[PDB]
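Below you will find one chain, with nothing else, as structure tokens; this is the form deposited in one PDB entry, and questions on how it binds or moves follow later.
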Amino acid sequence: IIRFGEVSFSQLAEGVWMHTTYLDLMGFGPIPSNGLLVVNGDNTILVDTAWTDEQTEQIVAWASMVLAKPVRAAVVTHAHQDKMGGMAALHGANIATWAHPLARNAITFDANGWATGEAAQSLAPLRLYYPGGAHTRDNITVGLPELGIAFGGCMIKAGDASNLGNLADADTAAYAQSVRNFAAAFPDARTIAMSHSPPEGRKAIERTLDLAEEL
């Protein structure tokens, strides 16, 4: 509900802000894209850039000169092939950047799906989780279990049959396992933030899993 230039900031819990920037598409209206600012001590961890370089620079300005909690680290969870101007702001601000390769720092995951190594240490208290199984190429997801917050990719909206046909024609079982793993990784999270959509409760999870076994 707090506006700072093109960026819109929303508090999900004490010490956790969601940031939302919009992309105008001819004939589709403005399209949200979400991220997190995660306060840790006197610094923040940024989860995802905005659409553009200048939008991302604004978030970095906001953390440093409104929150007095400057960004000391960033993690990518849902990159965009052309809209990667946001990487330049972080590279110019000497903000250490993490992303799952398969960003100068690679996040590796263990066979349980949890991030390991320096990456897990540097981004705590965020818990980075990779939900996919063999042959998958999912985006990573992140959670704050103690606050009941999980952050993942776009799920089926209530009442919207728009993406149902794509779901039936894809690897429904693989998609379903990914959603099941994510659900079980953050089993107590009742706020499910989304990459390009506002948060929902766990009804969103259950709704997607019903569809996968119904088609």
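Residue numbers count along the first chain shown, from 1. The term rigid core refers to the maximal set of C-alpha atoms that superpose within 1.5 Å between the two forms. What changes on going to the form deposited in another entry:
Put simply, after the core is superposed between the two forms, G85 is the one residue in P145, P125, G117, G85 with a Cα shift of at least 2 angstroms. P30 is among the residues whose C-alpha shifts by 2 Å or more between the two forms once the rigid core is aligned. In the core-superposed comparison between the two forms, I156 has its Cα shifted by at least 2 Å. In the core-superposed comparison between the two forms, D169 has its Cα shifted by at least 2 Å.
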Second form
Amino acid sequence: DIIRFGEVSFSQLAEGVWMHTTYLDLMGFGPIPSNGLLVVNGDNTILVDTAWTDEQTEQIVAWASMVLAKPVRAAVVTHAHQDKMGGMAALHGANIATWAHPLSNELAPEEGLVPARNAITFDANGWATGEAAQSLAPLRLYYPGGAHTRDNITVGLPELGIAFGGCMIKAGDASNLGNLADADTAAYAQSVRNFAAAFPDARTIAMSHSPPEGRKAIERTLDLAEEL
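Given the form deposited in one PDB entry above, produce the structure of the same protein in the form deposited in another entry.
Only a single chain is listed, so you will not see partners or other molecules.
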């Protein structure tokens, strides 16, 4: 079931938790879907990942404030690629506090992308702490290590049993890990393992480029990551 608003497709994964999907024909080979989340916190929403473009990101922001009546107050992006950070400028124009891994902010300019305004502090165990943890709660943010990119992070909602693997996690029937141009192939398997252990009980596994699934998406991804 899907609500289509402008260029955006919204699906409810759980109460207060929506998925947004937008498309871009990145390389002329056909439109590519990209998935993020909208997480309701009281009278507002947390945005996980932008759409591909400013204009698509603006449509997400308007949907949250005008249809959900839960305007976006903070956003976190899962690494410095265009499907996850392409609309950063629209967020900053709306004066929305934005958050990323410190390495995503270093890498974004060379990628043609705008850095977030805040660095997430991750503790020595890979969990967010400090201002990021407090402001983005109930979301739990976890850095699993290098995989799809060196800066990729993951976000979880343990109470609801939902964990979002970003672009690191691929579908349970994947034949490949998608775009490895900036991947960390040596660490990929272990970082999948860390993520699986960071959210050991979540049964709903969401990811950037295919719809939500069960934990087999982790199993297939690790299998693929192990034969790199």
